Structures are given as C-alpha cells and as structure tokens.
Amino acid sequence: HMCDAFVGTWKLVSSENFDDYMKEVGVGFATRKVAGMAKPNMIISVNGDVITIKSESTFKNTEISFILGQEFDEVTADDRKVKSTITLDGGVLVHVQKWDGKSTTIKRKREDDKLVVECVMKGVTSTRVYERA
C-alpha cells in the first residue's frame, strides 16, 4: 500500500522553469523545444513491490519499473543513459539519476488532488503539476 495515493493516470496541467532545468541537465536546443511542448500523461501502478511509472507523450513515451532502494538503468526522454535509485522519504518518492559524473533529483508527491513533480539540477528547480486524468 506504499504508493496507493500515487496510483492512477495523471495529466500534466502546469510547468514552471522546465526549459532552464533542461539547460542545466545539458539537453540541447531542439530536444528542449520539442520536449517542452509536451503535455504528458503519467501512469503509475504497483504490483507487489514493483512500481511502474509510464510517461505517454507526444515527445517520447517512457517506462520505468523498479523496487524502492534498488538501482536500475533508465533511458530518459532526452536520451540520457542514467543509473537511477528511487526511495520513499516521508511519503515523497525521491528519484536520483546519475550519469557522466552528474546528478539530478526528481521528487514526486501528492498535494491536495495533484501530483507535484519537482526536478532539481544544482541550483535550478522545475515544478510540473499533474491532475487525475
């Protein structure tokens, strides 16, 4: 029942500072422009200890399945090959991505009827807000 309140289909309703976050991550111009247009759906499900997060978007479709605390390989929407670890900290999913000596952290939390995604790269944050589809 660890992630019950995350389970479902969520649609992006707002984004702030995503372009600057992507710049800080190292995403190139064309990918930033096309990725920034997208209004993805995020589909979260749980089966036993395995959590699956899918992103359905006009830019890129992605899927990760993972066990909390157990590192896995991930190919991000912007095509980075990263090593990811996701934990639960005080009811927040905390996702750390490592690649090329770099690191970024994505936090996912429930707040009222929304799922709020905070992406942090050094000093730069982007906030993406989703509502139930």
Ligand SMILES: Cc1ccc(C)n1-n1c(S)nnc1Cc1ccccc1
Second form
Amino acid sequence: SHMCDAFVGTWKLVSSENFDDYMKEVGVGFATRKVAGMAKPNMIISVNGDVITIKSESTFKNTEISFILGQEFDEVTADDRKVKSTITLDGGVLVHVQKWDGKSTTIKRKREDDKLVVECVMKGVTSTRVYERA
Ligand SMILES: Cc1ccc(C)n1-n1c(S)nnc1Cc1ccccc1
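The form solved in complex with the ligand, contrasted with the form deposited without the ligand above:
Everything in the complex follows now, all chains and molecules, and the chain you saw is the first one.
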C-alpha cells in the first residue's frame, strides 16, 4: 500500500461551484468557458511504481498526465495553456502547481468522506469541484 491509494480509481463530477469565475481568472475565453463549464468529466487516477497518471475525460476534452511527485513536467491544459507543472503530496493533499506567462494556479485534490474534492485557485478566486466514485 501507499497513502496515494485512496485517490486511485474512476471518479465522476457531482458538483461544481465558481468554475466559470476560476476560468475567467485563468484567462479562458468565452466559448471555451461555456463548453468546458458544461462538461461532466470523469477523472481516472492510477499509480504504477512511482508514476501517477491522471486522466480527465469529458465531451469537451480528454487529457492525460503522468508524473513523479516533486518532478516538474510540461503540460498542455484542456484550455490550451502551455504550463510547467509540479505535483507534490502535502499532508495527504495532492498539490498541483501550474506556471505559465508569469502566472500561477494551484489545484488541490483531497479525499473527504466518499468524495474526492478538487479546489482550483487563481489569485483570490477558488472553485470547488466534487467527484464521487463512478
Ligand atoms: C480545472 C482542472 C484542473 C485539472 C483538471 C482535470 N481540471 N478540470 C476539472 S476538475 N474539470 N474540468 C477540468 C479541465 C479543465 C482544466 C482547465 C480549464 C478548463 C477545463
């Protein structure tokens, strides 16, 4: 076992708050915000050795990232930002920091009860996205 075990599985979005506002803060344009905000993604998280894979799948975009904790990688986000990402585990929270164009956003994922809660922060704006097991 590893502590990241509680994240592994197939998850489906059950609620969202403030995601449009988060996307505005990140710089996402109108049409992408509308289509991305309508998406009902499934998140598939798996671990193989030291490599964690997170897939996001929806009618808007299918993405896949694989990474080792603490080891920077380059990522193309669903909204087509080219970012440099680093993901760490901080007291049981997966903390994903994305840097681009002198900007930064942080995505935190944690288990709470039977949920996987995703908190997306860009400056003072937070969106909370709740996933449950599929
Ligand atoms: C905000 C975020 C971070 C990581 C992932 C996978 N997600 N995500 C969630 S949660 N729901 N849709 C997405 C893709 C998404 C990402 C950025 C902008 C628009 C859409």
